[PDB]
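It is the complex with one fewer protein chain than it really has, and the rest are unchanged in position.
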């Protein structure tokens, strides 16, 4: 894909918006606990660790279809959509400002309940193809649900970097975050941005505004280029753990809004 | 509406100032605990969660009527454009207090635990009501009917339901735990918010008169005041006060605004 | 006053320095716990809350006499000193690095003692007149010592913004910080800068250098103008709470240094 | 060597990429706890402190062989000059896991405590081995024989002993708790380091492919690759995993490097 100049003129710009609902484990909108995982089922040992699919947060992904650009496909150059900038926001942050939800008391039974807190993971990506993933787990002896996309035939090497443990973020709510992360050795045509704070009871911290833009251009001034006129939006927004009265625990996720500006870019015809 | 150029000349600029008092639950100035919520009443289960109206912090909103700009058939009209804002949370040092009745830090010889835990700060300046998206921790919660909440909730309301939208058009009626600013709209409002969770988290706040936020968008256009009305919205939950019996009350603080506005030409629609 | 241009030429710049001692409650330098509050006395209830004067930290304020400027008061223009910039420093920070002071053991009786920690409040202001204050309290039912300056005839409204609850910081060690804060609806002729972290055991965080300057000019390039050739310096620097063996507690404060550079500014005669 | 100007023209730039696997103590890819240390064995006293080799995290290092530049007679020669690097800690989200066997957050119905506590991140890019300075918590520790540590330690080694120097010239052999980058040397390497201590501190990390670090010094010169060899070094201890018995293992993560190099003219010495 030899990249040429930006196409100028009227209607060289377009703009899309989308939202991605979280995939915390309860991933059906009819689910009573939609937006949460089911009760974390903990390993009994190193050898015996079979997390339920409903307990494992996965990446969200959506494909946005863009307007057709080329008529004559036999020419020397073609146009592709180039993602230039994005405004993105985690929605419903203030829903966490809630001390009455059933759960564990902060102090005794006269007090409010512990709000969602603990480990957080926030990531968004904008690309002209699927986000390229690298596999790495806390334990290679974990048995993952066969309906999810995880690493095939793990060995202890998979607790670190195994260069064969690669995948594409090409299915919504299927790739667990505890197995997959963005592959920095690839992703030339995607931009991804991530933030992790761990711990079991850590206070979550989030900002929200409509005044902030991220520019997506690389050091050659080129944004993600949308193969087949498709734009890939990916996210995970784990905002912590909700603790229940029995002390069972559910992951809590929040949806993410994207507003992307794209322009026309000239490329050599492959 | 097609936005044209900034109107120059004498008297092109004006300033307004306002303060919004907090709406934590006790929302009447004669309430003993004005500026606080009542004792949080907790759900007994997923199915049974009936929070009292007085326990749910809501958004503050005020509408500022600006000087009338157009007497109406001319081909262009003028609108007030909010260009910048100085905003401040007032009475921060009020929380620097270890004698207020409450729960002892250590044993009964010590000071009491000051306001701490979850904080939520938001301000917005817009030319029309702030646009809101509904999302809740639990769709089986029964909200007081006197408040404005999501009609006919389903589990989808625990995440993004594009049908759950509203306008912040009433002071002290829209619960913060139910509504947040809608990033898919709000072209004519600028909003800024920060959240830090937890049950005992130390609150952190700055105060100064040296800082200004510029409200202009990427085209150099600030919010434009429809019908010459400026909408100022806020919430500043500064934490949780814990009482001796361990009952808890949200504590809020008031917010000052000083907004500078200029005259903007628009094509008459 | 209508402000005009800066006066150029020789002797048009001056510079002052001052320090302000903290007013934590023990405010007499002969007091045994000078620089600390007395043991905090706690409310027994909502209705019954009578904090002792020696337990309530108050703002520091000093007036600095500047060189007299206007020989002829009938002139159509006059000169005022304009505060341009300030270096300011909290002094004796390292005095907190002390684990042997009598107090509460960190662990058992073999360990050091708990250093000063908890709620901190830092504020400095430079103005050409007294800092204007707004009243707001945790509880309107609190009975304050009568020989302090507080809100007269409080009602529950004073737990929020009562527009009638106003004052000037015109007395050193008289205005409790828990009652008064800088009023953002005025203070046109003062710059103030403030920083709060709460909690009961929070670690204090402080910087110290002689390499940092704060410019006092507003958006029109005008600094505080010193009425009657007087410069007002105000401060509070609560660095936390010292816990005693019996678990009684004292607020701890530190003095603040000011170095202000001023220039002559032409104003129209009123 | 006298350093002259940058060589321009076609084919003057090159990129390499590599990843370094962590060396936490279990350092063989077939080890059950590869990517972790073994259970920490604690000293019985000041005098009796014999940490097992598998319990001591060490630095990672890789040598990248670059294209040969010289066909050695001439007055000037060429060297590879490292200009910039993109680096990334991989598999961060693997820590977002509350079901791994371990210690319960609350009682036995809760999730388990994730990796937390002390973290140490370092990467370096240089034209030769990273130069190290020795300093320990205790000179009466007896280190495993098969590791490289300070010979004939004395109490002076609990602070700066100018004789205690080394080169990071072996992967998984130099303990982090013994060696750190020597700021009095390393003129031909750039290193960047971050430490947060504590027993149970929440780990914090970001990840992106939008960030580049420029390696040029104040004279605009990057590390120069002696013998066409580029040295990449790292450690990324991300915290401690606590087991059900309360035994503890260090946990590390691998680091990706992408380095851009150019040709630099130097005088033939």
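All chains are identified by letter, namely A, B, C and D, in their written order; residue positions are counted from 1 within each chain.
In this section, a residue touches a chain if its C-beta (ideal position, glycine included) is under 8 Å from a C-beta of that chain, and two chains touch if they have at least 3 such contacts.
K.L.:
By the document's own contact criterion, which visible chains does the hidden chain reach in the full complex?
P.N.:
Counted over the whole complex, the chain not pictured touches C, D.
K.L.:
Of the residues C:14, C:52, C:70 or C:259, I need the one that contacts the missing chain.
P.N.:
Residue touching the absent chain, from the options given: C:259.
K.L.:
If I consider the whole complex, including the chain that's not displayed, which of C:9, C:10, C:108 or C:163 touches that chain?
P.N.:
Only one of C:9, C:10, C:108 or C:163 touches the chain omitted from view, namely C:108.
K.L.:
Pick from D:109, D:201, D:210 or D:212: which residue touches the chain that isn't shown?
P.N.:
Once the missing chain is taken into account, the touching residue is D:201.
K.L.:
Spell out, residue by residue, where the missing chain touches subunit C.
P.N.:
With respect to the unshown chain, the touching residues of subunit C are 17, 19, 21-22, 29-36, 87, 89, 91-103, 105-108, 110-117, 201-211, 213, 240, 242, 253-255, 257, 259.
K.L.:
What does the interface between subunit D and the hidden chain look like in terms of residue numbers?
P.N.:
Subunit D touches the missing chain through residues 39-46, 49, 51, 55, 57, 103, 117-118, 120, 122, 133, 135-138, 140-141, 154-156, 158-160, 162, 176-184, 186, 189-201, 217-218, 235, 237, 240, 242, 245-248, 250.
The rule we apply is simple: only the chains that are shown with their structure count from here on.
K.L.:
Determine the centre-to-centre distance between subunit B and subunit D, using the mean Cα coordinates as centres, and give it in whole Å.
P.N.:
Taking the mean C-alpha position of each chain, the two centres sit 47 Å apart.
K.L.:
Provide the list of subunit A residues touching at least two other chains, using ranges where the numbers run on.
P.N.:
Residues 201-202.
K.L.:
With chains as vertices and touches as edges, which is it: line, ring, star, complete or other?
P.N.:
line
K.L.:
Can you list every touching chain pair?
P.N.:
Pairs flagged as touching, ordered by label: A-B, A-D, B-C.
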